[PDB]
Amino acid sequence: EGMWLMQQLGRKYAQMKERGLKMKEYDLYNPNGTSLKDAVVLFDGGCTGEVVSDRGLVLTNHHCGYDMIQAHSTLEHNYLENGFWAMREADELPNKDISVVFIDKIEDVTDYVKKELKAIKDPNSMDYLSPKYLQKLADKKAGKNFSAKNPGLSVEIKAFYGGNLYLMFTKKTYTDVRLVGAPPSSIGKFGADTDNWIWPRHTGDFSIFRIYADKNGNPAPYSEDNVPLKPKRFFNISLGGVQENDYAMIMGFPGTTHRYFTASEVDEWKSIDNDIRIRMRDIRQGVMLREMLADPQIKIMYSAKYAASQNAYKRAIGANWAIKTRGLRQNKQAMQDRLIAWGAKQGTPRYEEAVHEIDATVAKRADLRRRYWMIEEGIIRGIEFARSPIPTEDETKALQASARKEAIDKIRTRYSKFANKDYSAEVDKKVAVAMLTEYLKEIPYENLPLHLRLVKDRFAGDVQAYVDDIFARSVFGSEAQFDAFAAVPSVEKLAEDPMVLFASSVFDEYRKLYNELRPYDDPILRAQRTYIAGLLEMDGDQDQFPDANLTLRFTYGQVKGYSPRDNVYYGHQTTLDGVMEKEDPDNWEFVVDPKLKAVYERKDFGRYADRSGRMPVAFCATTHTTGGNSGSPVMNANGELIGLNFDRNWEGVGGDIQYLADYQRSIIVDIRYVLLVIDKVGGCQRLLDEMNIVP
């Protein structure tokens, strides 16, 4: 049920042993020695990765190394659709702007931070959560020129439990991380967007990289002289597979959770955040779908835009299902009522006062937050011409020196990016008419961005006419309209441009709402410090984990399926047979790689198939994971690698607020399927040979 701090391993060890853990405590996490923890990395600032060889080979998800596979791909060598398999270390491709972060040391610095904070004065100061303030304390503690005395190292202090616990992390960062191997996108992204958040899953979501360093294994930027890193710890790969009920554990960097939400915050997340996102994206996606289905060229231009909007839409549907069916609101209400009753008993009323302050702040910001989500979902992300060019003061104080041509060249560059090869003004007008009709129904005239008041005032409520007039008269309405402007440009034309006025107006309102809403975060945050302190003093820092905050955590559970609905059961493991069942040659998402199809037909599964002869693909577990856990190593009871985490099912997305034992699962690619693809699809034996594969 939790995402535990490494410090909490001692207090959780006995239960983990009861659940099946066989390894010694300090072999997993040692605060003053080498352990399995030293083989986990933060891959490219978001994902998790893991070292799997004494030469710095790193495994992570295909969707984690996707940008690097795409950057090295050309029409000549398309690594994204064909895969990439460097047959020698010298063939491994360097990557610009990549990093791998090791968590070298972790220390509890709570007393230090709390004593430094006492020099306050302002009791409402937010310095206790300020990265700038906490970095000043981290540098003070580490020393004057720490990074120069310990090269490649850096320190960071983070708040936990709403400002009740602080940890200082000593990090070692490597920036020479090279692409080694990747399956084709047909394997790496088999489900593609249709199977996102879906269990059963049949995606071989993996990619292979390598950490490079100088002669002494110290961090160094890309250099042709860099040598592969010999890490102090790497995972052994298990070939024993998984069975139902097997103990499993994960280490990784979960990003965010909201475990200490009040009941009022759950209601707000549902009725504002999720309902607005669901309704607004449903309108946007509906119009996009009609247009993509009717014109194959529109499908090409809008596929990525449609898929990008669907991802958080699906999350919101999944989260609202948990609020409606799993009693999230009620369990938060029970959590706060129990603290309020215990505080009354002890004579300490500050916890009830804290929950009341949160409720009052939530109730007060309701209309503002509704207006913010309505404009953000409805217009800022809903309508493409909202992100059309807005002339700067530098560009206007140029059109009225003769760098008038330099002003127009900068405006043209931005116009070309807005009206790019994937932009359809006709599709955008149709989306805007449906999105603005909904926006104008929900937001009253007095709360409208100034230019939208023209719908009622100048266009007699005809939204279609208003949108038609924006494109007919705007210099960004077509290429010919822009060129006519660029030939005779005046500041008076830009100041009265209907598209510029629309874009400026909606951005002004979006910033005004953001600025007016920002002051409401602080009383909530301060009250959460008192609220979580009460919860911890009452029930202990034992079965209540601190919210995720992109720091290293461990979670444990079992390889287990679940029943999604009445009379339906999803098992704990998918097979290669499931890939073949889903095969569809006339659908890019469900195309099956011919080398993999042949492997399946011949049953060329080597040492990777199970005891029954079926080739495993993926499994699911009751571990508690969230965004940031992509690429996380999944370990056995002996700490051996059995898979990589790559997703979680939609039924469990409400798990960020309340873990769902009967529904929430981590979706993991079986390590045996990873090895089968490297071996029979990539034919990259050197990668298998450098790993320590245990029978």
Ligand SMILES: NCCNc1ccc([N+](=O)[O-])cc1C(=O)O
The other form holds:
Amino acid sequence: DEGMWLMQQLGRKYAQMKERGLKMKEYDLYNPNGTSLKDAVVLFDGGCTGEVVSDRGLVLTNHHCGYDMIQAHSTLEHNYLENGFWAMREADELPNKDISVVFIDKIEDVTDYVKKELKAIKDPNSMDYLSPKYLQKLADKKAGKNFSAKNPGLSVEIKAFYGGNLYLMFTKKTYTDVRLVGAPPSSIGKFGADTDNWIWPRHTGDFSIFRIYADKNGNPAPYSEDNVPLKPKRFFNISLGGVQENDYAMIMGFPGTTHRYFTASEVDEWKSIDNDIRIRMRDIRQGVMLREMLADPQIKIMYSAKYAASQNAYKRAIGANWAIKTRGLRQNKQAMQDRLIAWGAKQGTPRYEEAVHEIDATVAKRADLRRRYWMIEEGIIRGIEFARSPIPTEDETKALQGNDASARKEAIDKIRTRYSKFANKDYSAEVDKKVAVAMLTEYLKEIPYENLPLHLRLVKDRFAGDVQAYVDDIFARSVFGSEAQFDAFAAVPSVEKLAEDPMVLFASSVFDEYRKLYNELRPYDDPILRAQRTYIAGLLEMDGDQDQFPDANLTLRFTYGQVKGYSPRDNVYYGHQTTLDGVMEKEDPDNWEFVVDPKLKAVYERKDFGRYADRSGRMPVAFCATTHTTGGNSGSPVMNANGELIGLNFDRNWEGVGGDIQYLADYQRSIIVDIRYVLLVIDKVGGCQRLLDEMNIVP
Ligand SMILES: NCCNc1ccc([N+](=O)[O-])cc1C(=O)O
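Instead of the form solved without the named molecule shown above, give the structure for the form deposited with the named molecule bound, please.
Below is the entire complex, every chain and molecule, led by the chain shown above.
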């Protein structure tokens, strides 16, 4: 069901949840004045969610959340990323360079306080109401001087909600000694890594295991050999009960952003500029990269990761535009604003209508600037690697005309450093030139001559429209065209060379027009932000916060629904639950994506599933729910009707991407790894029996 609900909204929502099959007492889920399941939830490493699953501070999150730390402890001798990692005692658990988990100790509604401070600001157009500086000073004030010093490990933050109509103060408890305890092999942790990304059905055991270490008193402490595991206020019990179709599921985690209060004009702008330009341009870039990856096995190695990375937001935009096209997103925003305009006329205030009008007019006015911005960002800044070639810094240009000879050698040393980072092991000028020709051709078609970055004018003025010739010249003549050409430059460096270098001119020309469009576009954000405060204020006053959740802003939220499959298209039905048999069907030992660990293979053939199989003796892998999630919900605990852990959220299907603007009851699903599979892989792949023994595993 719809919504990423504030903890303080539990009471307003309990009735709907109780009806969807929730059985816990309210204050056992969230209690502002006592221990609750909320205290088992962490923000893991500043982005992901995790959860505490033992009285000895064991933490579950996704494999993709623990990836960097599993890789940091990976050498070619002991490759943990490949084979997994299973510390057989506490002492073998590996500490991590720059890690955190953050508990949400306390949450207070500080609206009346913040609105009261706000009246001491003269300028009625002040953007301080959404400013991290000002909200943080309002937090320090309300907490005390030397609060971080008085209560060590604790910190405070105020955040805006509902476009500045509601403020919450968070007291955060931060632990910094978080050790790697367990990881499955990446074959399991990343099964179908790229193919099955945003895909249901899904067969990935996307989980890793860490432990929170603290001082003797369980107070936060940086890494010390003398740190001992944290005894936490609360951990999740693990259910073996399983799930069945229409079972109550609920989630707690840290969803990043939503756009629930977009006007119709904003959905049109999202479609017609942001999404259509990203689709057009990444299609061209992806087409040229693919062709060259197929042609040469070395280019494939060099360009595989850059290809995958472009693909990520490419698929998201396709998913997004599909929803605009088919799920009536534009219509439903138009309806919401028309209901409020109508209610506003009768209430005798035009403020709401004046607010929607301000947004519409602002969107219409910025359309050219924004089209140009996206064209240059998708087309050139992301499109063409040689846009990110070295610009001699103001200091560097100076120190080449410098009397002092020590300071020219040092300027050329860090221009060499920056050239080496640009023309790395994975850079091909031949590939970049072909991408650049195709991307620039499309760019020159859409952007008229008078709006071009100054250097791109030369295609028309010097090269008679020949994009190929323009690009060939950039590499022929530039000190960054080849190692040899840079080596010739570095031995006899004049600034008169750099100043006129066609690649430095292209790169600086392009970042100039990028910056300039950013600067002319910035002023248009404020009037929308301010009208949005009024718009949401009206929406709340009209209908209440009951069926109108606050956009996600990287804050702790709960979502609820049922375990339920869906129909993606005519005569096709995806069920609520994948099984290990899905693993075997997709196996292909000659595709890294779909390698099956032999230890799991055997577990399958033996039917060695202990208390973890579904009562038909099938082995669950993943399940999906009508819960409302977005990025930030990676690693989020999935609870049954009694608050027992049944799974671990790890993705969302592509048909639900537009759920960030409008919840999609019959398409959008959270993709969840079954806790029974997690237990299976720990037991039968890792042999890490002490982890089962420290958990409170319930029937
Ligand atoms: N699979 C890469 C991680 N991305 C996500 C993880 C979780 C969720 N979620 O709805 O909870 C969404 C995404 C995402 O890519 O949008």
